[PDB]
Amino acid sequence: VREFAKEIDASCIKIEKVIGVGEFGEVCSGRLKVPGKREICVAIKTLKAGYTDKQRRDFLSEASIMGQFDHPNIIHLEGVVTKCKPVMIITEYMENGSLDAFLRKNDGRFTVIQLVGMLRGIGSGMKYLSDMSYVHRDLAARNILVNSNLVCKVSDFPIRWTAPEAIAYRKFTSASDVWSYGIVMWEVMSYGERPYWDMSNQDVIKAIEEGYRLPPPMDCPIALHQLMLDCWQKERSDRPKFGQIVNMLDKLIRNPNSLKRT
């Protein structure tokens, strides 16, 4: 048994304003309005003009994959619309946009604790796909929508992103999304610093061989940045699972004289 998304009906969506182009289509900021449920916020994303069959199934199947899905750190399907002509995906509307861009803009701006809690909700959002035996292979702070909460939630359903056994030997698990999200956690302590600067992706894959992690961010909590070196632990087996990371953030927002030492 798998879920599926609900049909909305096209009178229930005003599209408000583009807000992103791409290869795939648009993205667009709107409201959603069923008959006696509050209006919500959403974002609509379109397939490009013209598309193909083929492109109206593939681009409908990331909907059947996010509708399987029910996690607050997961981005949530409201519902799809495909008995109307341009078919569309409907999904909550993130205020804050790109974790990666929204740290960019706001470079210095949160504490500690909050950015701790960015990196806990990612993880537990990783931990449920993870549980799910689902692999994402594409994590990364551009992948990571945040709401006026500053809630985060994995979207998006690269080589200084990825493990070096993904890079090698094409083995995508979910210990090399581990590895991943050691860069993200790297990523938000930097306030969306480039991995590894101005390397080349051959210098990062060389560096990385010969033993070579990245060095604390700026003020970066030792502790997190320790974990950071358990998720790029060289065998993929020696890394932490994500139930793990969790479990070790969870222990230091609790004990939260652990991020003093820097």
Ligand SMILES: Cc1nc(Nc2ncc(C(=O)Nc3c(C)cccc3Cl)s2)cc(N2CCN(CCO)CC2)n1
The other form holds:
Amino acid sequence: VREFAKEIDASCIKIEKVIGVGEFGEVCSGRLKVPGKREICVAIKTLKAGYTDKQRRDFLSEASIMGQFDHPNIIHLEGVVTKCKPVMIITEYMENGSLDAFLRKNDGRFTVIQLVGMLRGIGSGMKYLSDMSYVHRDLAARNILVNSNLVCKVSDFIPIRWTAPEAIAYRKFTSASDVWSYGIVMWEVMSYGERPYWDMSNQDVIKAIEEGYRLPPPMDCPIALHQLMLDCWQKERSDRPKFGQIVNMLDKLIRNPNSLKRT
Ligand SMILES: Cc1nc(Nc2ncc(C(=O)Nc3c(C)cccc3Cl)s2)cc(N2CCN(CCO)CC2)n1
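The form deposited with this ligand bound is what I need now, so please give it after the form deposited without this ligand.
Below is the entire complex, every chain and molecule, led by the chain shown above.
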């Protein structure tokens, strides 16, 4: 048996403002208050006006997939509204928005241990997804959300410079190509949201990677963290660490913080 999205009575939802817009539709912030339970802030996603039946189905599919996941580092689904129009997907509200934006607005503001904690959370969520045979395909800081307590959660259920060479060249997407992407996310985090490969063109990036180029340590990045990035970017996908190993390695760095001394 599979999980599913719970139906939420529309009277329990109060939409407060629009906080994002896309080609798919839009996202709002609001409040959810169910009888007997404390009010929580939520995010509310809707389809573009005039959506078709097919679009409505593909939409309620993002919800059914999300309903399968219950982990502290994966965005939490509250439920759906389907008995009323328009259709909506409701999740927890992540107060600090996307990780890329958040770090760029807070350049230099966190400690190494805080940053490593964020990476450990992302890794834990990815271990959970990969455990379940899911492949994200689009792992990047822009697709991670952050709450008030700095907890990072995987969201978003070809970006060339986040994508493993075998996924670009042979369309082979696996957890191991997600691990490559995770390495890029590590670099984004430790650089406070710099653009991977800077001004290099997509073509230049592809050629450089094939010739053995890998990104350098971000400014003031511990060597141990950069070495882990390099492990994630092994050419042969089978040579990359698994997500469980990544999390274990981060846990060991956090437990033995002197290991973060060398830069
Ligand atoms: C675009 C945006 N989202 C934020 N938080 C979100 N939490 C959950 C989100 C989400 O999309 N859920 C979701 C849904 C609903 C359906 C399917 C799949 C998913 Cl994953 S979006 C915060 C934010 N900020 C704006 C700027 N800042 C200043 C403050 O006023 C900080 C806050 N902006």
